[PDB]
Structures are given as C-alpha cells and as structure tokens.
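**Student:** Single-letter residue listing:
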Amino acid sequence: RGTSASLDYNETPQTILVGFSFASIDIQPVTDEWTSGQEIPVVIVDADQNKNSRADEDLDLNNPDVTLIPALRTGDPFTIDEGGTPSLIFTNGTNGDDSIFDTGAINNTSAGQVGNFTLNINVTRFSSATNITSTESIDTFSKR
Amino acid sequence: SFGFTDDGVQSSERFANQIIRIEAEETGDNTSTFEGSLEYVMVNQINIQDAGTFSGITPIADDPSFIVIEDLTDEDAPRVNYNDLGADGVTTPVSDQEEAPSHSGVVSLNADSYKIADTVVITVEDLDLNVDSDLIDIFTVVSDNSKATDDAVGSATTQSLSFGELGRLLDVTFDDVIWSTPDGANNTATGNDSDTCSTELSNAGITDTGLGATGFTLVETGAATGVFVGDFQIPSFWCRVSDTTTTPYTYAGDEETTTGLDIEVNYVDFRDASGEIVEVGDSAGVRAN
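Residue numbers (the authors' numbering), protein chains in the order written: chain C, 435 to 578; chain D, 724 to 1012.
Hints may be right or wrong, so weigh each one.
Stated by the list, open to error - Below, a sample of chain D positions facing chain C; criterion: calculated Cβ distance under 10 Å:
| no. | residue |
| --- | --- |
| 1 | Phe777 |
| 2 | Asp786 |
| 3 | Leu858 |
| 4 | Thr863 |
| 5 | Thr940 |
| 6 | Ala946 |
| 7 | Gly983 |
By construction, these hints were calculated from the structure, which means they are not laboratory data.
The C-beta atom is built at its ideal place from N, Cα and C for all residues, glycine as well.
Can you make the complete structure from the sequences, with help from the hints?
**Tutor:** Spelled out as structure tokens, the structure:
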C-alpha cells in the first residue's frame, strides 16, 4: 500500500498508485419486517474485489483468488476448522480389496456405511519421493 | 557540481554550480513569439544524499529544470538572460528574474485523543517537498537494523551531523520514545519471565509491532498539491526502547499497554522560511474506558 509506478506517453508521466478501500455491507429489507419466504437484497461495496474495470466479477467460493466471501451462521455448525487448523496431504495409489471406498454402499445399513479404510501408496517417483504436503489457512468467517 | 561541506548549516557551506539553456519554440508560423518553461527541485534531507536527483534534471531542453540548494531571493533570485541585437543596431541584453522561496512546514494529527484500534492520520503541509509536478511524491519508512534511521520515514543512506541524523524526515513515538519493532541483535532481553519482547508481542496477535510494520507511507494528495498524508492503526501493546545510543536499538524484555501514554509525530524541515533546519511536531493522548 502507498507505493507506485510511473507510465509515460507524450512526455507527461502518470502514477499508478496502489491502495486499499473500506468496504460497506448492508441487508436491505423491502418493507418494514423481513417475514418468512421473502427474498431481500444484500449489497457489498468493496473496490478491492473489482480487479478488472472491463469485466463483471463473482465472489465464487471455489476460486482461491477471491479473498473474501460473506457468511451467515446460526447455532453451532461443525466446520472444517472445528479442532483448529487442519493438516492435509495428497497421495497416489489404489484402494485395498477390504477398503470401504471399494466395498461400501449408501443403503442405510452398517454393512454399507461402516467399514475401515486401507490403501497402497506409490509416491516413489513423486518430487522428493514424499506425499504432497500442504500449507493450510482458514478464513475467519467463510471457513474455507 | 552539487553538495554541501561540513554540517552544511552555514550558507557559505552550500554550493550548486550549473548552467541551463532554454530552446524555446515559435508559437505560430509568423508569430515572433517563442515559448518555453522552467521548473526547479528544492533539495531536502533525503534527495540531497542521492546522486539520482542531480542527474535527474534536464539541462538543455524546451522545458529545462535546475537545482535550488537554498532560498533564492533578491539579488540571488534565478534570472534568465537573452543577448539581443536592438533596432538601434547595438547589442543590449534583456533579462527577467523570479524568486524561489522556501516554506515552513507544519505537521498535524487529525484528533486530540485516540482509543485503541483507532485510525490515526498524519498530514504534512510543506510545499518544498513537491519535487515533480507530473507525478505523486511518496516517502517510505526505513527497515535496516544497521542504520540510525530505523523504523523512521526517510532513507537508509544517512550521516551523523550537528542538527541530528541526515536521513531522518519523520517518526512516531509513544511516551517520547521511538515506536520500533523488536528485531536485530539487541532484542534478547526477557524481562521478568523467560520470554523475549518480540515473541511476547506475537502471543498477543499483534502484527503492528512498529511504524515500519504498519506499511505507513507519506503520499502526496495531488500531483503538485504539496500536502502529504499517511495513516495507521493504534496497537494494544508495544515494546519500549531501552537505549537509543546503540545500533541496533536495545529493546526491553516486557510488552507494555499503549493506554495512558501520549503519541507524537516529529517532522524535520531541511528548509524553513529562511533555508535553515528546524524540527516541528504535534501530540495526542491514547485513552481507555
């Protein structure tokens, strides 16, 4: 923030200043009371999410480059951060013949849903011959 | 040649030797009127140390620029001379001069009292700090543990002189002590317990460890407005400097609350209304409920 660059044509330079913008969020009820089964608008104004002046942009969860998403919470959901910052590893391999992923089914029976989890790993030709390990972070409100 | 000798405090000790030629352009086809421009950069404590500022001027052009080392008025006002052949056939020069004054800077703080996590906004009204009319002028904070100008707005390049430190333009203090991050070689004090002040702050979730860590910068409001504005947010805790006479600074072993301490900003004008060095400041109080 505060630093700049300089672009020049016709011996008249222009600064390209980097800055942040204060946001404003406001739920807008259509009439006096918000009752059941009525859509009312939610409006966010943050210039930091307008990263292209020639395109209309969406706050998609799935895009890592959208840094912030609005969220509403009630009671106590069990989000992916419920026990603190998780630990994640990716792997290549195959399911065992006794794995729940190969033998289970979703048919409301212990025979289908309940099992154990077994796998065989081949990450020997992977970079540094280790399973892909990750650096984790959690959004304060969106829980991503 | 450009520079100063010794302190550079006395006028006889400042020098600037240069010649500037204006290649003016005819306004029309048969209009005998020829048009040109001048512009000058007044030197400050930061740009004077860099050879970039002196090599940056354009000595021969339709729109030249030249350096001013100090206030130029009366007999020393910059003057352009044009040798001329008159209608009576004798060669008689014509000339014009314009004074190039220096300005007394003021620094202010937007509020008289702040609270924890309040935005504090600093403004400096010094016209002499505008060095370019086309571009926004920006000043940034120094992060170099081997220099006396650490966690202050200025330049890593520096020298020790009579008036103080030559690379220092602005800094922020709590209880008349520099607000600096506990980093370097002299931050090993643990205080009452066995935890050093740097990790002591980190456990409190504080990232605004000093002025250099808030990203504070002085930004000119317009291209040639001459008004600079910066802002940052007051922290809950800070780490006091035990001894300022060593480089790097020696930090205390225990964090302290900012509540009940005054906050101050100090600006050093390299050129006041007479072209002399002076320091000016403003103060305010941090409160709690």
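**Student:** Against each hint, give a clear statement of whether it holds in the structure.
**Tutor:** Structure-based check of all given hints:
1. This hint is violated: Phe777 of chain D has a C-beta 19 Å from the nearest C-beta of chain C, more than the 10 Å allowed.
2. Of the supplied interface hints, the one on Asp786 of chain D holds, with its beta-carbon coming within about 8 Å of a beta-carbon of chain C, less than 10 Å.
3. Hint status for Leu858 of chain D relative to chain C: holds, with the closest Cβ pair at about 5 Å, below 10 Å.
4. Hint status for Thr863 of chain D relative to chain C: holds, with the closest Cβ pair at about 7 Å, below 10 Å.
5. Proximity of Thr940 of chain D to chain C holds as hinted, the smallest CB-CB distance being about 3 Å (cut-off 10 Å).
6. At about 8 Å, the closest approach between the beta carbon of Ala946 of chain D and any beta carbon in chain C falls short of 10 Å, and the interface hint on this residue holds.
7. Checking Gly983 of chain D against chain C: minimum C-beta separation of about 29 Å lies over 10 Å; hint violated.
Checked against the numbered hints above, the structure breaks hints 1, 7 and satisfies the rest.
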